[PDB]
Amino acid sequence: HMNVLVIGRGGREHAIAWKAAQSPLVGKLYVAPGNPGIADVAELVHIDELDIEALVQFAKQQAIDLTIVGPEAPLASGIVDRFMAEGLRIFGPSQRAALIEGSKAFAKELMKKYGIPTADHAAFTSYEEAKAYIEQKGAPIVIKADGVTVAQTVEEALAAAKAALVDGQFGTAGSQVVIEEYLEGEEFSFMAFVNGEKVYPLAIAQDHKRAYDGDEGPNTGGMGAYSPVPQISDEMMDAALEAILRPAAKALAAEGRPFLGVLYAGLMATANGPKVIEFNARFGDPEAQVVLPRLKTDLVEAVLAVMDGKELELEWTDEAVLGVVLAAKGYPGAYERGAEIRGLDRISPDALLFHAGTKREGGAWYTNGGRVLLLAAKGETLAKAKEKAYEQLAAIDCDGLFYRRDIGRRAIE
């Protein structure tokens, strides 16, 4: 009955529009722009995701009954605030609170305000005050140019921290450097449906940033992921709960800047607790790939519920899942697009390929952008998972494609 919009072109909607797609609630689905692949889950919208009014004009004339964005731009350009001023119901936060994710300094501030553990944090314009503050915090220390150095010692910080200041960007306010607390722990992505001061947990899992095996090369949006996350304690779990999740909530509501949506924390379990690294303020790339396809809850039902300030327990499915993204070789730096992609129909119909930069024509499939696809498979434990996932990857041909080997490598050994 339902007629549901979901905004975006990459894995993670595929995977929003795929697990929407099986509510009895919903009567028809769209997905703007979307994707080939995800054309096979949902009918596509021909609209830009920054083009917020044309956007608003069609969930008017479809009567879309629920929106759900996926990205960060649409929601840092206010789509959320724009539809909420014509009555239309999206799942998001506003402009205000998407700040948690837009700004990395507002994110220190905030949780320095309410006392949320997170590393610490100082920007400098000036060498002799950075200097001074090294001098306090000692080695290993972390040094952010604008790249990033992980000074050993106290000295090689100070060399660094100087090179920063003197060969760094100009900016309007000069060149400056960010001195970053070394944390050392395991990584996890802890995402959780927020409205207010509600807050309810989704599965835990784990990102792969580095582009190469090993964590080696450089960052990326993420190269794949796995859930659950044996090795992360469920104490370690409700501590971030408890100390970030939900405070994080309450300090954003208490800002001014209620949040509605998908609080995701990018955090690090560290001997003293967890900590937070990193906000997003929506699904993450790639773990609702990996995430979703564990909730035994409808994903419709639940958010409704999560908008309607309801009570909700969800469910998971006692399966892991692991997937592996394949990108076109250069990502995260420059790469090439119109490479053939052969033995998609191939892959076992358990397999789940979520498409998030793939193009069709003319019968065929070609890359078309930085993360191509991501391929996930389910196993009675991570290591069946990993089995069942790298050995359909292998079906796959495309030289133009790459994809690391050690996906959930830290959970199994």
Contents of the next structure:
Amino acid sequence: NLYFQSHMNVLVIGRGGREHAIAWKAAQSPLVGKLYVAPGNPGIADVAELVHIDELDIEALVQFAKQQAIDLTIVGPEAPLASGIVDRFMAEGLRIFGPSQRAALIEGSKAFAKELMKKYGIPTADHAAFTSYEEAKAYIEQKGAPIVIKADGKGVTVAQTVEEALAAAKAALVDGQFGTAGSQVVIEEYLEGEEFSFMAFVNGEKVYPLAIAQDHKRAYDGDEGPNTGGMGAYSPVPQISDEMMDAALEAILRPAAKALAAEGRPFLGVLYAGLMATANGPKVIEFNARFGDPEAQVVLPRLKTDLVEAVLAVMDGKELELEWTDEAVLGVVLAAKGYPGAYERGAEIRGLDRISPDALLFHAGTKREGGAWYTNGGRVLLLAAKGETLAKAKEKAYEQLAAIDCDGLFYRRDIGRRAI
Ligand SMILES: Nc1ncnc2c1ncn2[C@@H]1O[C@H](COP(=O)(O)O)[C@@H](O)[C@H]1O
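Which structure goes with the form solved in complex with ligand AMP, now that we have seen the form deposited without ligand AMP?
Full complex below, order starting with the chain above.
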């Protein structure tokens, strides 16, 4: 219904699966003439031209963007946002979809986020930091247990009793790292319920919600092992009621966007809320200032609305209702053995040519050499599949995953298990 100039030159900043998903979606826009990804990866080269410039080499990206007359730049990773890529681009008159350094702090500093949510009455887990044991003790005795104790320098304890919490807190301050302000201990309210990711396009106070998704951050099946950037995800999320979703939109997302704007930090881009559906309603775990990975890989394929058109509409503050397919999407991450810890690179990946054309294969950390594929990163690939139902999406995804053979990769087999 909306009109925007065609034959656009578009630049996507990043190198992972999230960027491959963004590029893939952008390439299908009738408004795009030329698509570039910096620095991208071998898999992304199949849908866009790679630009050999680091995401943090801001001065070069600015020059490149002006040189190639880029009409729109989309930032994937948070690093360049935290570095002020948006600020520099805007000063050069370059259109870019992403938050300013000041607004991106919502993700950069968990303390800032907690500070903001407390001031504006946004539901979230209680949070407090201490350098004094006596002060930590008094606080712990007020909140009770179970409670979370976090030491700096492994260091996270979910204390089941107040006594254990005190022992852990004392240990954190005694054995924790000695910073320039001494040792410190972080205490947080332990929340229970179903976790879900709620992303939305934002521009000032205007919020445009995206479909919600559920990511499994634990490294191993049965949600065991250390936390990761995400080992799998799916959308929609049946177990999250529409009421929980709406409460999240009206009591969390809209208020956060208004809070940032009220604080002189208007946000533009994708505001990603990591939430917990508790019995008392939705509560924020953390905020991210851009597309989540692997959330983007399973949510963007469900978006029927043209992505580029949507982004431009948001940037112009125009009205827009996003449309989504009824079909579900589930994705599974293939990671290098050892990840999220130390992992090896260089294992050959066979079978990428055996996967169905309907399967969505997003490259993270792959490398092409001598006509073959090799692992080259923590998270290497993500394979997603569409399905009439979540169960169908899950079956198709895992069915296709078996076609891949690599002794240097592993992947959870329980993605979507509980949901179904
Ligand atoms: N206050 C909390 N209550 C329950 N779980 C939490 C809390 N904070 C963090 N987590 C878990 O830790 C994971 C990663 O958050 P983080 O360790 O801060 O990077 C989340 O996906 C949650 O499952």
